[PDB]
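The block that comes next holds chain A.
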Amino acid sequence: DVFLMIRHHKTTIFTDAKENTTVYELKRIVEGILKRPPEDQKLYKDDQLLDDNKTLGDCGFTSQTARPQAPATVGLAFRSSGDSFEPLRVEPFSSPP
Partner candidate 1 sequence: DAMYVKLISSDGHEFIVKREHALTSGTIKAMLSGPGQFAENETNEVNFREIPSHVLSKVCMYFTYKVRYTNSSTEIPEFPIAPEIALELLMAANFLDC
Partner candidate 2 sequence: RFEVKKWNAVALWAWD
């Protein structure tokens, strides 16, 4: 069981999945939430692009990291004009005093 926190600029999504989860089901979850075609968005992990075919078994999103009390942070970027994608300019959260 893995808990993921997708962050795409002024948006954040909490998702549930499993270790054998493929990237395509996360991508179609983002489809159902953003109704923007899946080839536009591509997932990341610490400024590193990740591919659709593989599963989260070796992605590093283990149950010890993807946790209900600390979901694994996942980036996301849609498609800009043409076949280009915007950078990972997702803003951080506010700073508690």
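Regarding candidate selection, all candidates are chains of the complex that A comes from, given by their letters.
Keep this in mind: a contact is a pair of C-beta atoms (placed from the backbone, for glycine too) under 8 Å apart; a residue touches a chain by one contact, two chains touch by 3 or more; residues count from 1.
Here chain A appears alone, and the candidate among 1 or 2 that touches it in the complex is 1.
Across the interface of their complex, candidate 1 is touched by residues 1, 3, 10-14, 16, 32-33, 68-71, 91, 93-97 of chain A.
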